[PDB]
Amino acid sequence: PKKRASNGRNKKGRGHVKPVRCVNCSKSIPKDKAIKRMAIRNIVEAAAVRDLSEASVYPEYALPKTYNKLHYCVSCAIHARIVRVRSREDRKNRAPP
Amino acid sequence: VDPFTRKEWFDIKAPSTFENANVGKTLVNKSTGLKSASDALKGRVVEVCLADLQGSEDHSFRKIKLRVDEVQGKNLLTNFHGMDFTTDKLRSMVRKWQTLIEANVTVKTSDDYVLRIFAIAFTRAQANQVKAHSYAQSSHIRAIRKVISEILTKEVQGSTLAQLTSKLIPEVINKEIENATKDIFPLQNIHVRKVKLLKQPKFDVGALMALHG
Amino acid sequence: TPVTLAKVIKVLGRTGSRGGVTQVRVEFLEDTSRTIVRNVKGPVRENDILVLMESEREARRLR
Amino acid sequence: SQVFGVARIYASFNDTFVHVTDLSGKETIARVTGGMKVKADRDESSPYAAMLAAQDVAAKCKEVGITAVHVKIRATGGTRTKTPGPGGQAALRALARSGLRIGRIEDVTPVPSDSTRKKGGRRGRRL
Amino acid sequence: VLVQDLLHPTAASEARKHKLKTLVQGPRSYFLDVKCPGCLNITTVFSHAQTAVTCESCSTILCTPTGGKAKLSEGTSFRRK
RNA sequence: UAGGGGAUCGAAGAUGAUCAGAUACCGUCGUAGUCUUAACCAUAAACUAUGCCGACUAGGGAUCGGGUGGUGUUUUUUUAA
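Protein chains in written order, with the working numbering: chain A, 1 to 97; chain B, 1 to 213; chain C, 1 to 63; chain D, 1 to 127; chain E, 1 to 81.
Each hint should be verified, as a subset may be incorrect.
What the hints assert, rightly or not - Computed cross-link-like contacts, EDC-like style, restricted to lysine to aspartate or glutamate with a CA-CA straight-line distance of at most 16 Å:
no.: 1; chain 1: C; residue 1: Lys7; chain 2: C; residue 2: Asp48
no.: 2; chain 1: B; residue 1: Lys25; chain 2: B; residue 2: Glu47
no.: 3; chain 1: B; residue 1: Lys63; chain 2: D; residue 2: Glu106
no.: 4; chain 1: D; residue 1: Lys26; chain 2: B; residue 2: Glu8
no.: 5; chain 1: B; residue 1: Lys30; chain 2: D; residue 2: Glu27
No lab work stands behind these hints, which were simulated from the structure alone.
All chains should be modelled from the sequences, with the hints used to inform the complete structure.
Now the structure itself:
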C-alpha cells in the first residue's frame with residue numbers, strides 16, 4: 001500500500017493534465033498534486049511603515065499590496081515545513097488551521 | 001569629468017483635456033558648431049499616476065503614458081501615448097472561487113488614431129447567494145464578449161483622442177456596460193485595465209498648440 | 001545624546017535559545033500612554049525603570 | 001514645490017540595485033550595485049549591501065537636486081522566483097531614512113503569460 | 001420502511017416521482033382549446049410543441065418550442081384540453 | 001518512419017559546483033523528445049498485486065444518476081406552474 005482514496009491528487013473523469021513547474025525544486029509536476037498558496041504581504045513590513053506614512057509626500061496614498069501564487073514538488077513542500085507528517089487518521093481530514 | 005555640469009533640464013506640461021497641465025521635470029543634454037540638442041531628446045515617454053495630474057484620489061491606481069511631441073520656452077507640450085492600470089489592483093481584483101472573462105477590439109478612431117483596447121470583466125454573485133462562489137454558463141460569456149465589442153467601436157467612432165480621453169477619466173464606458181448586460185447577468189470590477197497605440201498619423205502641430213492657452 | 005527613560009510594565013515570555021532573553025511591553029515614564037515591545041537581557045521584573053537612548057526599534061521576536 | 005526622480009530598485013538573488021534616473025528614464029543617474037559596498041564578495045544581496053547602498057542614492061540624488069521620489073519594485077522576475085530578495089526591503093527602509101520624499105509605490109516584477117520553458121530539467125534542481 | 005402499501009401509496013408520492021415509476025406509467029404532458037384573440041379558433045395544441053402552430057389558417061403566431069413546454073403569445077385563453 | 005511544430009522542460013552531450021574519487025546528487029544552458037498528422041511497436045506495480053456470471057447471508061448512515069409519494073420548502077405574482 002494502497003496509501004489515499006484519491007491516490008495523491010485531484011483526478012477524476014479527467015484522465016491526463018497540464019503540469020506545473022516548481023518556484024523552489026525548479027521539478028516537474030501535475031496541476032492536481034501541485035499544493036498551492038497565496039504569501040500575500042505588504043511590500044512596505046511592520047517596522048518601517050510608521051518611516052514611510054511619515055516621509056511620504058502624501059497627506060496618507062494607502063499602502064498597495066503584493067500579489068502572487070506559489071507552486072510546489074511535494075518533496076520541497078516537507079523539507080520546507082509547509083505541509084508536514086499528519087498520524088494516518090490525521091490525514092483524511094481539510095482545514096486551513 | 002562630471003557626467004551633471006552639462007545637463008539642461010526642461011518642464012513637462014500635459015493636454016490643457018486634463019488637470020494639473022503641470023506634471024515634474026526631465027534631464028536631456030547642448031551641442032556644437034553644426035549639430036543640435038532639442039530634437040536629440042524629444043521623441044520620448046513619461047508615465048505619473050492619474051492622481052499628481054486629475055488631482056483626485058479616487059483614481060488614487062492607473063497611470064497615463066504621455067509623449068513629448070515638441071519643445072518651446074524650455075515647455076515640453078504634450079500629446080496623449082496611452083493608458084495603464086496599477087498592477088496589483090488587476091492581480092488582486094481576481095479571486096479564486098470565481099468566472100473570469102475577456103476583452104478585445106481594435107480601430108480607426110475619424111483624429112485618424114489606430115487603437116487597441118483591454119475590457120477585462122468579472123462574474124459577481126448576488127445580494128443573497130447560497131453557493132460558495134458565482135459562476136458563468138459559457139454561451140452566456142460568448143454573448144458577453146460580443147455585446148462588449150460594439151458598445152466599444154461605436155464609443156470610439158464618435159471619436160478623436162481628446163474627445164475619447166474624457167470618456168476614460170470619468171469611467172463612463174464602465175457604466176455603459178453593466179445597462180447593456182444586466183438585460184442578460186450580474187457583473188463587477190468591468191474595466192478599460194488598459195489601451196495602447198500602434199498607427200498614429202502625421203504631426204499636425206495645432207490640429208495639437210489647439211490643446212492649450 | 002538624548003536619553004529616554006522608559007518603564008517596564010508587562011513582562012511577557014522567555015526567549016533566546018539560552019534563556020539569555022526576557023520578552024518585554026514599555027510605558028514611557030519621561031509621555032505615559034505610548035506602550036510600544038522591545039527586548040532586554042537580565043534576571044527582570046515588572047518596574048525595572050529601563051534605559052534607552054534609542055527612543056523605538058519598534059522590536060520583533062530570536063533561537 | 002518639489003521635483004521627482006524615479007527610483008529604478010531591483011533585488012533577486014546574490015545582487016541588488018539602487019538605480020535613480022529622469023521620470024522618463026531615457027536618461028539615468030547615480031546607479032549603485034550591491035558587490036560595490038561589500039569587498040567580502042560573498043554576500044553580494046545583503047540586507048546591509050543594499051542598506052549602505054541606498055545612501056549613495058541620496059548622496060548623488062541630493063547632489064543634482066532630487067529633493068524627492070516616485071518607486072520601482074522588480075524581482076529575477078522572468079520565467080524566475082517573483083519573490084523579491086533582501087534588497088528590496090532594507091532599501092525601501094533606508095531610502096525613507098535619507099531625507100527622501102516618497103511617492104507612488106508598486107511592483108513591476110516580470111510576469112509572464114507562460115511559455116519560456118524554465119531551467120533545471122524535469123526531475124529538477126537538487127545537493 | 002419495514003413494510004408498505006406499495007399498492008396505491010399517496011397521490012403526494014407520485015406527482016414528484018419520475019414519469020416512468022408511479023407502478024403504472026403515465027404522461028405529464030397534456031393538451032389546449034386557443035382563442036389568437038381575433039378569431040374564435042379552436043386549435044388543439046400540445047404542451048410540448050417541437051413547431052409554432054399556425055392558428056386554423058389569420059396567420060397566428062402562437063407558441064414557440066423550447067426544452068420542454070411552449071412559450072405560448074400574450075393573446076391566448078389556453079383552457080386546458 | 002517521413003512531413004509539420006520546435007515556447008517550456010530536458011536522458012543525452014558540455015559544463016561550474018561539492019567530493020578522498022564523483023563519470024551522481026546541487027546550479028546554468030542544452031539537441032533529441034515532449035506537441036500534431038500519418039503510419040509501426042503491444043509492453044507496465046495494465047494494481048483492488050483480488051477472473052467473470054450468478055444465487056443467499058447483518059446492521060447502519062452519507063453521496064451521483066433515475067423514478068414514486070407527502071393540502072411536503074422556498075421562490076411570490078394572484079393561487080399556482
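(request) Would you check the hint for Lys25(B) and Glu47(B), treating anything up to 16 Å between C-alpha atoms as holding? (result) Judged against 16 Å, a Cα distance of about 13 Å means the pair holds.
(request) Decide if the proposed pair is consistent with the structure: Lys7(C) and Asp48(C), CA atoms, cutoff 16 Å inclusive. (result) Roughly 6 Å between the alpha carbons, so the hint for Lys7(C) and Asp48(C) holds.
(message) Just to be careful, I want the Cα atoms of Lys26(D) and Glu8(B) compared with a cutoff of 16 Å; is the pair within it?
(response) 14 Å, holds
(request) Quickly compare the C-alpha distance for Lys30(B) and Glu27(D) to 16 Å and report which way the hint goes. (result) 15 Å, holds
(request) Please work out if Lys63(B) and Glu106(D) have their alpha carbons no farther apart than 16 Å. (result) 12 Å, holds
The structure meets every hint from the earlier list without exception.
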